[PDB]
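J.: Can you make the complete structure from the sequences, with help from the hints?
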Amino acid sequence: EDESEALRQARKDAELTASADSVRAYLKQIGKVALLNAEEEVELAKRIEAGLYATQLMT
Amino acid sequence: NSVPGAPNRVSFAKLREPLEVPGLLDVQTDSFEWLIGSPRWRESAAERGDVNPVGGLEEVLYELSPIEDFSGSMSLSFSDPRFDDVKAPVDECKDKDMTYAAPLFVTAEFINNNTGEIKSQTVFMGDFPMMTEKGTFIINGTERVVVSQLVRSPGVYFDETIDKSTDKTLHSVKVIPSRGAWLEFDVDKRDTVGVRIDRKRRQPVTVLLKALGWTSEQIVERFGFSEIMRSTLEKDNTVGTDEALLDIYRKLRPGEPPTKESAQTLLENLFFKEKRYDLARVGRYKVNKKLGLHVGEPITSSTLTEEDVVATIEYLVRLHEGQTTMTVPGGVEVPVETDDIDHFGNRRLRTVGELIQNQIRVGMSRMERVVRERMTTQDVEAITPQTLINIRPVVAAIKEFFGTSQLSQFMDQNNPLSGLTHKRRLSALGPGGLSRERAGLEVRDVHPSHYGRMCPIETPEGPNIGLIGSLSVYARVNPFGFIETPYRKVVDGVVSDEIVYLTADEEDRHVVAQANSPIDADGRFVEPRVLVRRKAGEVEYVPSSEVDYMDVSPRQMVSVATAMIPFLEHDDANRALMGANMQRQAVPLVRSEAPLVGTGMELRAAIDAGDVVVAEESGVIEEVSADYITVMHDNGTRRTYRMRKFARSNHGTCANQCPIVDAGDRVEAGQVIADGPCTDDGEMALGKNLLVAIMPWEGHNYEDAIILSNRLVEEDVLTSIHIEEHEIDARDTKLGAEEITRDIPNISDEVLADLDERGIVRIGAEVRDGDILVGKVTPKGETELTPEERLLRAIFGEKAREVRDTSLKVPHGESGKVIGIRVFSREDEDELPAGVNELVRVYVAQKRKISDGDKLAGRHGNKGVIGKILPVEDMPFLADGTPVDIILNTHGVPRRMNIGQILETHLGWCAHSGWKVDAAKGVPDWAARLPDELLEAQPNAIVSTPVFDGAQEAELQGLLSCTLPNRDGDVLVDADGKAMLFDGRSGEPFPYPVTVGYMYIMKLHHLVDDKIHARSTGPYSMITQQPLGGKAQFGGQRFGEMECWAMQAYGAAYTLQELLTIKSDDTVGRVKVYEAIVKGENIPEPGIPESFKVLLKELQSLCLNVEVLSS
Amino acid sequence: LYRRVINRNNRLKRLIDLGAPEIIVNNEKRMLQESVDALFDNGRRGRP
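Protein chains in written order, with UniProt numbering: chain A, 206 to 264; chain B, 30 to 1140; chain C, 343 to 390.
Nothing false has been slipped in among the hints.
Think about it this way: if two alpha-carbon atoms lie no more than 30 Å apart in a straight line, the pair counts; the simulated DSSO-like pairs of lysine-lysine are:
(1) A:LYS217 - B:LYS280
(2) B:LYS229 - B:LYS264
(3) B:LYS897 - B:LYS846
(4) B:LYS846 - B:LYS1060
(5) B:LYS163 - B:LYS876
(6) B:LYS289 - A:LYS237
(7) A:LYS217 - B:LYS289
(8) A:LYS217 - B:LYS229
(9) B:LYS319 - B:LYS203
(10) B:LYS280 - B:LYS197
(11) B:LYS428 - B:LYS123
(12) A:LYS233 - B:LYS302
(13) B:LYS876 - B:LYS892
(14) A:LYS237 - C:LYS371
(15) A:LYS237 - B:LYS229
(16) C:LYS355 - A:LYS233
(17) B:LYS564 - B:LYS518
(18) B:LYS203 - B:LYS280
(19) B:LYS218 - B:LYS280
(20) B:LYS876 - B:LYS1040
(21) B:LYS302 - B:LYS280
(22) B:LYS280 - A:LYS233
(23) A:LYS217 - B:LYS264
(24) A:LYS233 - C:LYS371
(25) B:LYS1101 - B:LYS1122
(26) C:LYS371 - A:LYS217
(27) B:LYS289 - A:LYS233
(28) A:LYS237 - C:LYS355
(29) B:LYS197 - B:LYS229
(30) B:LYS1092 - B:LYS1060
(31) B:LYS193 - B:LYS218
(32) C:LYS355 - B:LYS1126
(33) B:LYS304 - A:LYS233
(34) B:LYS289 - B:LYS229
(35) B:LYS950 - B:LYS43
(36) B:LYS280 - A:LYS237
(37) B:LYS763 - B:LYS125
(38) C:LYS371 - B:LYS1126
(39) A:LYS233 - B:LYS229
(40) B:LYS280 - B:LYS264
No lab work stands behind these hints: they were computed from the structure.
T.: Take a look at the structure:
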């Protein structure tokens, strides 16, 4: 079903796998983080700008 | 008969045959015509299945179109394939190295869904290679033939195995598709029927059924007798369709987070959507026949189905139960039994049409992928099908199939028989077929289903034994790819004249009679008990009432090349194999007289080989010459045929074509109008008729050695013409441009005598090993010279001559005249490869005589090299002074089990001398069954003994009894078939009679001049410093490991050291030993081998520290 | 094979001195490892 820990146990068991194919291992690796939206991109870019200004003023 | 100009070859055949030999090139011609969609194939299919006549290209385009996007808002389609006229004729293509092709045109239609718009365009698919009148392809000038392939047809295949431990049967099944995944339902040691999918063994059938949606109650209802399956249901330990789908996903798809909707569609994608699982039409037909789903439904929807899967599982369980018949709910009943892969009911024949269709499909798949990719990126409403379609993948796929593919073989042509037998050839090895290393002994066997579909005799005797075969004479190919065989149906003991074509399944179902069954000349059998082949290949005696089929004619089981062997039924099988394989290597002689004694498969084989000009429309010969024939048709129009005078075959043999008609003769459409390479008066002729002795003569004919009379050398009885070509290209270079000119550096005027003003040799100017054929010079560049060279140049006043000499020199061991020179140029606009400015071909031909070491062979595989050519005087001669021509050995006849040569010798002597049966008081009893116009024959008359129904031994004895004298009153050959020979060397007569006669022998293509080789010091390899190999380069013999072992075992050290160090690898040793030999000094001590140094460097490169230590 | 080894080593060096996430750095290191394995013995592990 969609509950009772059967699906969760199957998912975690399949996630703790080998995947000897290097390309497939890389794909399963990238398939972790979710996608973003324009506001999140703008906020992240502002954070990077603040960080670079911070480090240049350190210098 | 049935040939207007057929020479009168009297036959020994006892029984008439109703069916004539079909077109021997049908397997190629009809297949390629079906691929094209030609009107001939269309009307034939209309005669035999007009339900849906579809060509290969039409099928490919229909199964491709329409092509949609992911959104499905716009589509493209293909329709109406149509060919164009050939771009160049066959001879012009063969000369100018083009490919015999024709343009391809299709009607692409671009359709918009949301708005609605149709765009019809004429699209040029590509230059499609075409198949000529002789069923061969021409690629880059040379002639190629694509052999048909033997592959196992997709479908279901059940088998049973023994575990040899618990001793219980373990059934299984393999649903092997084309372009798909595998799945097997076996039976284990326990009672858990496994469902291994894609080599993942777990998960019994209950889980698969639940994933398909079957509840436990439905499973039990459909399978109640299955104790094994009810046990698996009890120990299923998995309940729920979604739980079963979850298990399916975690098993077949490790490493992917399973969901409840991806699993619901994964099975449908894997086995129900045609995109990824499409067993072909043959697979669907085979499955339908094996299970009996639909008996009348036209075949379509080539994807698998759940009803088929459950039927397969039920078939497995009932087979394990031990039932005899099965009835699918909603389908007819079908017997249950194991299936054999070697049975020809399952090994379909993928012919040239299907092979080229498959390559076309794999190219068009790439084309459709590119179309789909660019179809989304490019803006809508601004595209046309011309912009959509890319034809480069398709043409590249066609080219890469025709070239560099072992199923597209270089068409060997030593003789028309070689060409014809290279066509109709069935090869089991190839892409998608079994390889030699994986070829077990089981497949290299003559299954009892091969009778009439493949020759059990003819096959290569090397490592490819059994993997290569040839079609039978009467065999025919089913549209699916099965091999049919004609039969005459017998009804209540009445042998009718209706011919019905059967495949392996039908032949096994019914009961077949024997070809030489004693019919009563009315339709009935004289004896109720007749020979019969049963379903399992069993041979029994059966009452005539139960027989319902009969062979069309004897020699149906045999192929063409083997059917050309007289007295085959008396030969063994190994020697018949050798003779059949060695009849195809005979070289064309300069006279090519017809054989005295043979079979009826020489005229048909010659005229069907395509190497004999035949008038297409009847008429009267107007003008005849050595180059052309003009036939004046019955109605006004004329036609000229161009002969091929001294054209080079693909294997360096003459291909002359001499006319055989005069200036006033009348010819009927179908008559032979001109001989070929190995033809005589229309029929076939691979050799000559030679007088034969069977005595061992002074040890010169010892252990398959052959003695020849010098008369063959004198009168050119065995003298072949061989044509070799040389190619040299004057090409562009970094430092300049090479030119073809007389001015060759550091050369004398002596060797330039035979060269014309432009550089090439004269036509008809003879050449010798080491001469100059084409004078080519290359810009040498700037290079420092030795001080001694400078001193010599200053002394002699000669200049630097800054260009290097690289001229076409005839290689080692060639001679002969020069026939013609074909020279290409860039200035006259010829199609040359990029970077090549000048190309020139020189054809050198030599008239090779017969000589010691040459390979000779009869038609029964009694091969042998020529030991010694005696003069005419010192050879045994008959009482009248006629000397024999060849001298075989008697010891080689009995132990090889090939007395067919003895019978052929006797019959040949009878034919040459001429006979007359004396029926003064009735016809003699031994000749009671002899046909008419055979009791008496003129001298040097030809006869024709068929393969399995020919001259009997009693008839041979009777014929030998009457052997009418040559010129005086003298019967040189007694009743036994021997004669009194006189020793031409000593003089006294031989104390005992010796067999003589006229055997037919052929000159094989294993000449000494192509084999003799020697090397003192030549080129060396690149990575290692060992000499090269093969006669093409200079090359040296290979001193193998076994030879090294023998060298060691001999107690020998110094010879081994010499052969391994200062002869192969010592770079600073070879020059020293050569200098020592030249100067007369002792041979210096060797050094360590450069190969060993290379091995040390390689080991050091593999991160393995290797150090050689002194102490 | 030597070209692949050199290319992947150089790309790993560039990623390292530029500063890259652990995912990309580890992927490039695995790339280099697999390339060296193929160079020493092709087809020993995985698809040749």
